[PDB]
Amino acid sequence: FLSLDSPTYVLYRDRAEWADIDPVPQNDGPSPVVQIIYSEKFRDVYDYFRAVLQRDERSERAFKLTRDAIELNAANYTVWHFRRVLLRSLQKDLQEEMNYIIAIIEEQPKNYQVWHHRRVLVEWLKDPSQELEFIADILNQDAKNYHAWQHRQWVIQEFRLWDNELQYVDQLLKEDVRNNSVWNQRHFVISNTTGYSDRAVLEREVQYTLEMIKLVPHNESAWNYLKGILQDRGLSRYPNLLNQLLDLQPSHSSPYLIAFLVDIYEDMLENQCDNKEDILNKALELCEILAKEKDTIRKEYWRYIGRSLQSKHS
């Protein structure tokens, strides 16, 4: 009701409805450490919060007090907990609370407590109907907001809403093929539905990725996905891949490609391939290409990788 910035706002110490409650002050002893200075209004709201909290008063006035405490500091996890306690005690309309939290999160999309609160509400209502759209909006002011993606995966998993995610992913990847969060989301969807064992799917994916790589050859995310879905089956078990990559080298070269090649070669040496000594050289030759000219910042690393390959296959 009465807003904290309303011209007619009144301190709780001056409110009749609160006359019976004795405010409880905070005290950091003789020598306070990392003490935050608070305004009259701030200290007032919280001195009463402590009072109500201390008495576990499940009142309607307490519920309203939390709104103010949250406005002053939405990072106070205790306030949110108590608010949830009250939500139940007073049997408040949860659909209304959903609107409340939706607004709060928009204003503070990087606050841990607000996302946790929304998740609890959705569990209570067992209603995920407005989640995917809400998250999409938040992802609009920050397509990489870890909190948003985390909440999104929870909803999708908990209420089995996979039907449209792969499409959502395809759309976001078009908006920014470099968004590592979306590539992860893609893998999340697929591995939780069809899986990658269906050679039809694996092929579709490897093809899809090579296409994205051709559009923006310098994109760690795309390369990581490609290697990710194949590294466990065995990179060397895909003869046509090695050559298709070697063909890109001329026009679509990048340290990512070179690295991929080094990894392919190492998988071969790993599986006692033909031309052990010859392959190892192709690898080493690349490691050096990386160190000396392709990925110089990691020069010492690549050289370290090379020395490791030599002392392992000679």
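Under this definition, the rigid core comprises the largest set of C-alpha atoms superposing within 1.5 Å between the forms. Shifts are known only where both forms have a C-alpha. Residue numbers count along the first chain shown, from 1. Compared with the form deposited in another entry:
Relative to the superposed core, shifted segments between these two forms, defined as three or more consecutive residues with every Cα moved by 2 Å or more, span 4-11, 14-16, 39-41, 299-301.
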Contents of the next structure:
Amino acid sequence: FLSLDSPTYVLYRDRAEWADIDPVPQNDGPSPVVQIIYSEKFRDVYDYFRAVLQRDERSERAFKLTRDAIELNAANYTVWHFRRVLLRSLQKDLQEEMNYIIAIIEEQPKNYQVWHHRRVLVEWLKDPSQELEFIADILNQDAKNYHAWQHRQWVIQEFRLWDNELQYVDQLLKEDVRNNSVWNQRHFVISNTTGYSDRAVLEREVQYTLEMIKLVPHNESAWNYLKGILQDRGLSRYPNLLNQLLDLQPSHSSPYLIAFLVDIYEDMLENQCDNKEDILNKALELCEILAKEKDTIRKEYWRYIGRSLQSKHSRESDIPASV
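Taking the form deposited in one PDB entry as the starting point, write out the structure of the form deposited in another entry.
What comes next is one chain alone, with no partners or other molecules.
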């Protein structure tokens, strides 16, 4: 009945329906550490929650009490556990509970317990019909919310709702092409449907990716995605790629383009290829430009790559010491 933020809110120790129960004070010990000076409202609710929990009172009034305990601290997993016990024991309408969790997630979307609670409900009801649309709304206010994407993946995987997700991905990439969560969702959808071995699909993706790089050269997400889908089979396996990236050298240069070229040469030198020394020099040169000019923040990484490539791909590498 009575809300926590209500002007006529009364403490539980001043409530009649609650006079039979003695509250249980927190057992903090003789002299406590990290002791929190709780407010009046907080301690009152939790003193009464400690009581119903202690007595394992599975009552309607206790169910209403968990709502307040949660509102005071949504991160209290014990209270969420007891509330789920209550949901089953009291045979509560779970669609009502879904309406409740929808509300709570809206206000505290970055909380672990609230998302797991929703999962459990969907699991109990075997009903995903509200899920994609609810998640989309959270993603409308924070498009990168980790728990929201995680829930969306779980729902889509369990209930096989793959049909429309790629389209959803395209809309959000439209809206913000720098959204790395959406580039991850794209890899999630594709690799669980068609996969990346279908040469037509791998074709469509790379054209799309280079196209986005053309538009936003300095967007790291597109570069990482391009690397992510081609490196499995080996980058040197795609000889046209190296040249087409060198086409954007003057007009669409970036520290990420230079890094990619190093990765292509890197795989080239692993799969013995043409000019197994001219390609090395090209790479060490670009490594030094990165470590000293274009990407100095990673100087320790870029001087490591050069020292790894010289450690195995110099002309003197497999040549014995006495020679």
